[PDB]
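There is one chain below, alone, in structure tokens, taken in the form deposited without this ligand.
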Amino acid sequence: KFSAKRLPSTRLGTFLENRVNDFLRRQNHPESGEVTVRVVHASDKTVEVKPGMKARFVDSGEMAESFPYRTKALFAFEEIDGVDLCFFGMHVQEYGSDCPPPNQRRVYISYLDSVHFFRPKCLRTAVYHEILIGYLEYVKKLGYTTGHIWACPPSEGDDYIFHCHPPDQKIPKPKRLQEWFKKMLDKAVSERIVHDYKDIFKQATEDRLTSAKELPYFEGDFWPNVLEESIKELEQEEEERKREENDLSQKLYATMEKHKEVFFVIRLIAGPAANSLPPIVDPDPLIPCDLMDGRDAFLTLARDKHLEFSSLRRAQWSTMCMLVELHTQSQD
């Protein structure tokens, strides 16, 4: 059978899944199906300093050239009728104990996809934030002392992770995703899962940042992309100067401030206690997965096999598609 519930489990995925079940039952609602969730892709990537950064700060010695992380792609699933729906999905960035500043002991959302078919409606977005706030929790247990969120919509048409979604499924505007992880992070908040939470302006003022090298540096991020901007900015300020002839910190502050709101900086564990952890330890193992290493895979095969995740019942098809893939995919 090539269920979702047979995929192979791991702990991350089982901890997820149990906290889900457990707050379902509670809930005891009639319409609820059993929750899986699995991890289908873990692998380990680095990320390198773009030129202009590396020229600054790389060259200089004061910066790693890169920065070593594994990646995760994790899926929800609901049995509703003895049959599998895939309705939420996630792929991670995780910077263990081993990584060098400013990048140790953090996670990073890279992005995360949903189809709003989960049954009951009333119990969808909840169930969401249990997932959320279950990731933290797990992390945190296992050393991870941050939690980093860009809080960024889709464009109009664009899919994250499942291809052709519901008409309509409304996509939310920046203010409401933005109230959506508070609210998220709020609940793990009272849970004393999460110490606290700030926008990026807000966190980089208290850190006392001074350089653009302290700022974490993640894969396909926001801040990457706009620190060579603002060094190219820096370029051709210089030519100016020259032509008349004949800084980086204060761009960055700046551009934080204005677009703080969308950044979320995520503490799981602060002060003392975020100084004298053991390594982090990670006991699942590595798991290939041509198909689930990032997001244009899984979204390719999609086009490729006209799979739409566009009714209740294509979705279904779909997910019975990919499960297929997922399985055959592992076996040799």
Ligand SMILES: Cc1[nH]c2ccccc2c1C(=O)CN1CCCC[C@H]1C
The other form holds:
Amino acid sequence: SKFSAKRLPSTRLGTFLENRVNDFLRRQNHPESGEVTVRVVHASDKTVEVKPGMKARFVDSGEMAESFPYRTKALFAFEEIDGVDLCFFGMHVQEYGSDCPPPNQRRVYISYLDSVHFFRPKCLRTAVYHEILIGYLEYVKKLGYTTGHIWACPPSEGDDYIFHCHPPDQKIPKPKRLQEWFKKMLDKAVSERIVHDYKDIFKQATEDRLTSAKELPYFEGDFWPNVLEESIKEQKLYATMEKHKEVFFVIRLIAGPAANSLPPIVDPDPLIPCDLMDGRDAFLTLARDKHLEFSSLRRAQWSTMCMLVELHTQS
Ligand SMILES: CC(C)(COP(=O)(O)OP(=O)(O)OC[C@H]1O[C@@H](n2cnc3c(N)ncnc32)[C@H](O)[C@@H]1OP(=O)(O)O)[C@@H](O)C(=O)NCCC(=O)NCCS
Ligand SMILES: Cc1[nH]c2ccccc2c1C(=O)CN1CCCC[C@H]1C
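Can you swap the form deposited without this ligand for the form deposited with this ligand bound?
Expanding to the full complex; the earlier chain stays at the top.
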């Protein structure tokens, strides 16, 4: 059909991820599973600017770059259930390439991920989310990104990351459950030899014998930029790192000498301008303004169809 998820334009990344998920589902041979479609719907160039305190201490002194360029991508996963598309998973990532100044070079960071719990069958839902994330790490590792970063931050009560109006009975995991969920994902990646290893931020920083705040990757919207500004306004930083360590993952995709002899990162996919999916706010607002909800299967399917018409006919 004219405005289907499958007819959204393809990318190498979307294709790679959907082939992984569908091959997984085919091996499980569950009669209730439907075809999965994965589409990158936004990609654009951005920069994160170093905030005044760090800018005063380290940028002005020529010890650290003033800003760091990255590519933002938004991708969505859809499942066919009884001939109807359901959008059930979304993710926004920041990708810092090989031209980026240290300490941000060749890193990926997950800005947001969100879901609505209607994947059929339910006994495969978590496994499918893990397959998308492991496939993302698999892909960026293939391109030459060396490290992944994840802040396990659940949304505040009443706050939706990507999808407006979640089901009333979809529980939101607490930090501890969410940490264990990312670990289970990462252990599967480790056994597939995609992830070399992973550590909490304090352990990584300790084992790498990092001297200075300038050595820590500096990402848009992350915790650590704001904690650094607070630290500069008022040794304590080191105490914050340890207390909150368990919620920040540093994921090594490529370690050893092989991590230092890499060609440049060449992303084969074009930029994809799309107003609706540049950041999270725009899609939340359109849902709010069109009275869309993702609060039941049928409402989510209706909202998915509206989302798709919009994606197809913008510009
Ligand atoms: C992260 C996410 C995709 C994981 O989904 P998931 O694979 O279904 O895993 P969850 O931990 O949410 O749920 C698994 C089980 O734990 C349960 N659970 C979740 N939160 C719970 C809570 N606070 N108390 C008790 N049980 C809970 C669920 O009900 C579910 O039960 P089931 O397996 O019997 O159906 C999803 O929780 C989500 O969309 N969260 C909101 C966005 C977010 O947290 N983003 C992460 C960082 S950007
Ligand atoms: C707050 C914020 N502002 C941005 C502007 C542009 C791009 C990204 C962000 C962004 C995030 O990524 C936040 N995110 C970080 C990872 C955990 C979940 C959550 C707390």
